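Enquirer: Now for the letters of each chain:
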Amino acid sequence: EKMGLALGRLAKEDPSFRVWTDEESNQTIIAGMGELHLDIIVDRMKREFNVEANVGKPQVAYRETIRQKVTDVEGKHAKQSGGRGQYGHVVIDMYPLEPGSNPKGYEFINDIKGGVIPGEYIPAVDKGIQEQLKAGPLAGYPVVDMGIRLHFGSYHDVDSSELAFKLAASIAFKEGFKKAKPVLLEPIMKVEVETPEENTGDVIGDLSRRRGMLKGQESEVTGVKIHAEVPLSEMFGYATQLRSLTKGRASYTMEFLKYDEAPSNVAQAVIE
Amino acid sequence: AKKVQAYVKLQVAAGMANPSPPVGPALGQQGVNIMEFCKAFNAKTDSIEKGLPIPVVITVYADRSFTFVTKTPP
Amino acid sequence: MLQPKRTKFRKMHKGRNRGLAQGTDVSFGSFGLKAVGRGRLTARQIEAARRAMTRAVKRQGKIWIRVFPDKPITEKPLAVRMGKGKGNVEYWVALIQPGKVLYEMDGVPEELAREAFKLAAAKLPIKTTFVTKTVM
Amino acid sequence: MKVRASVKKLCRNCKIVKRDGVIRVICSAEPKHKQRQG
Amino acid sequence: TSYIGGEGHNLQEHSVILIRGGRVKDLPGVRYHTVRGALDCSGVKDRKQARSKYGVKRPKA
RNA sequence: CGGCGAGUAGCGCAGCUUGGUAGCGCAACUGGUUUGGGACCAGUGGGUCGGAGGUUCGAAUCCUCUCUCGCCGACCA
RNA sequence: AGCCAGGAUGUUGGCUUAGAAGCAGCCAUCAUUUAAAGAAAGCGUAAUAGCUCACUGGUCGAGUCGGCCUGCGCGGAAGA
Numbered sequence: 429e430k431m432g433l434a435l436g437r438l439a440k441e442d443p444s445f446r447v448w449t450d451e452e453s454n455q456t457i458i459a460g461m462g463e464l465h466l467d468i469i470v471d472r473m474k475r476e477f478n479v480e481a482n483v484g485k486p487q488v489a490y491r492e493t494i495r496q497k498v499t500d501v502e503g504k505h506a507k508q509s510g511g512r513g514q515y516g517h518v519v520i521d522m523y524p525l526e527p528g529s530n531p532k533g534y535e536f537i538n539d540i541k542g543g544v545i546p547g548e549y550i551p552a553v554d555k556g557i558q559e560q561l562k563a564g565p566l567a568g569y570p571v572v573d574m575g576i577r578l579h580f581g582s583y584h585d586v587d588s589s590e591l592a593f594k595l596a597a598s599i600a601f602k603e604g605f606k607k608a609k610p611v612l613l614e615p616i617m618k619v620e621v622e623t624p625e626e627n628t629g630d631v632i633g634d635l636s637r638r639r640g641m642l643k644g645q646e647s648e649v650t651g652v653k654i655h656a657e658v659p660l661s662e663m664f665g666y667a668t669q670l671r672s673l674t675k676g677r678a679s680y681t682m683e684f685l686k687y688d689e690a691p692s693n694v695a696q697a698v699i700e
Numbered sequence: 001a002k003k004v005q006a007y008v009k010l011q012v013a014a015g016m017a018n019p020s021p022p023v024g025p026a027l028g029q030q031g032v033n034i035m036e037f038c039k040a041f042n043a044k045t046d047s048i049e050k051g052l053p054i055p056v057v058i059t060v061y062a063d064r065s066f067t068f069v070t071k072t073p074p
Numbered sequence: 001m002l003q004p005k006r007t008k009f010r011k012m013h014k015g016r017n018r019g020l021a022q023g024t025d026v027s028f029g030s031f032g033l034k035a036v037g038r039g040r041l042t043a044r045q046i047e048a049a050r051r052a053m054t055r056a057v058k059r060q061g062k063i064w065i066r067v068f069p070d071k072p073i074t075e076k077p078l079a080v081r082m083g084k085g086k087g088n089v090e091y092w093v094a095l096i097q098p099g100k101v102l103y104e105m106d107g108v109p110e111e112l113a114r115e116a117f118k119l120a121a122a123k124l125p126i127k128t129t130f131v132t133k134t135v136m
Numbered sequence: 001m002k003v004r005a006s007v008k009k010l011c012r013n014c015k016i017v018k019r020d021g022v023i024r025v026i027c028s029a030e031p032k033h034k035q036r037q038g
Numbered sequence: 063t064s065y066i067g068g069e070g071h072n073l074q075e076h077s078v079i080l081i082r083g084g085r086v087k088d089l090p091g092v093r094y095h096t097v098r099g100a101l102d103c104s105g106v107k108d109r110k111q112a113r114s115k116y117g118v119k120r121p122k123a
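Chains as they are written, first to last, in PDB author numbering: chain 8, 429 to 700; chain i, 1 to 74; chain m, 1 to 136; chain F, 1 to 38; chain Q, 63 to 123.
Some hints here could point you the wrong way.
Claimed, not checked - DMTMM-like, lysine to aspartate or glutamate: derived pairs with alpha carbons at most 25 Å apart:
1) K15 (chain F) - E115 (chain m)
2) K8 (chain F) - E115 (chain m)
3) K8 (chain F) - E111 (chain m)
Think of the hints as simulated: they come from the structure by calculation, not from any bench.
Use the sequences and the hints to build the structure in full.
Expert: So, in structure tokens, the structure goes:
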């Protein structure tokens, strides 16, 4: 609270100083003009506003997908208590979406001829999986490239509510996810470097050392513009580093572009 | 052209213009203004045949003036 | 990781490593690593030296490993008073006598074969030497 | 420098001199190659 | 815990709002209200009828 | 670890004593009865015996070696 | 062996074409100009450029260089 009022007000002294919001973590994102600027800001309030909110470092996204497709995972439901004997079974066939640009990274085609599954239960099977998109059974994370097809089902004629079928999708989704091995992905950053003439050679080091792939290398009269994509996670602190090795005669522009299949060495880290 | 006075040694497409993207740091490596040359690059590059990769030589003084030489498309 | 596939007797005596070696000429290849040493060459020492020549050829060569371990060696668990019969087999070993041909590279050039042995030989315990083909 | 039982002519200009009974390596201007204990 | 009228808003989780009375008969325990048009919780987005409530400045046009 | 004891359908237990042909139960599947579910009433499929190797004509079975899990001890200074 | 010198051409020889320009790597490991020069043994770059080497000419001017087999030595070698 004494930060919300502080950094809230601390947005006026330096409108070059930014206050933000971690996606679903809400931890305040701070953007400034260098550790020097930030550090000074840290103690600028340590006593002036007594602000002891231990600012640290940013946080990753790490969304998920599936390595491959499934064949015929089936999940039924056997709650035959009596009078409301919940009974719901579906035969889903999940397929990863191949890198496209449809605003939704999802594709659900309804493969039921009806009778095998009564029609008005389409939304049920549909939203049934839609629930499991916030429970990534590795570390509970959202998934991408998800594409689901449904083969057939099963019902009981005095029963099988939406509840029966909202769960049938709820249960059998992870089944193919189990069959079709998942993977952890990360945001990849589009960077347009700018380093005069000489350090051009030396700048490539950090560009590549953080596992970044040099796409385009350009130049002009007294300047140079370089292209590459590099993971967001493995890009923090760079503002300092770039000027830390070019005599500040350099700056850059950065933006997200894509998600990719990270390696396992990376994978056994987000487990938490 | 001296032995080597920072002259580009390969080229760009015979009919294309603005050798900016592919070679990148090397064409303007001497400070060569693409402006002054790209208009004349094609002048004797569009001359024989367009689009068939030819090799060109552009050797620039410190007094900033080149000499134009071309060789056989590989 | 060579090992006798279902021999008769499980355990066998200590024996003695004596006399000049017998397999002493380049059977198949043009080059070889003949062992001047005299001693017990274990199974692991075989695999190590093999791959370490498998790389110098990189893929391209035919290689025959002459020696086969064939001799079980026993041990004793590290907390026992001496007694209670023969111990447990732990690893196999191929006796060597001086003059024994161990490896053969044929087809590859001479120097690489020369270069090849060095890498592996460094892993071998007993001193060895470079031999070249002779007719009869 | 480095100490090790076995030294070798690593680069093109490696040199070896039996200085005071000790074997060592003096390249020319390649610093990372100085060795002794040969 | 209060009621948030105005079919949406812009603010959340770090601000100063202004409460009023007003139970809801529809949720457990909730008995209050924010004040659309107050400090951080704004006058609602372009409505006409009964706009005094919901703090809509009279549309000049 | 050495020293003895089990490893059998889906699950849990007989059959191994002495060699020939693996049984019972709840489960699963199908039908009946009911408005439907359960219970109940009639049928059925399912292991072929933990594994490696021998004994013999033939091994769940008699032996020998590993691996899984248990009971027992790893004591006198 | 030194001191003086040349050490190049088509031509980045395609790909993974983001760049493999005599030198990250792959295949060929060409053929011309020739006293000579590998489309390369090495250093240096993001890649060039740059300094040499292979090899070849001048001078000085005589022996010199690389393997194998032995004998005798040095290093490896730190305790109260």
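Enquirer: Next step is simple, just say for each hint if it's right about the structure.
Expert: Taking the hints in turn, this is what the structure says about them:
With a C-alpha separation of about 23 Å, the suggested pair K15 (chain F) and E115 (chain m) falls inside the 25 Å cut-off, and the hint holds. Between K8 (chain F) and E115 (chain m) the CA atoms are separated by roughly 16 Å; this keeps the pair inside 25 Å, and the hint holds. About 19 Å separates the Cα atoms of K8 (chain F) and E111 (chain m), which keeps this hinted pair within 25 Å; it holds.
Checked against the numbered hints given earlier, the structure satisfies every one of them.
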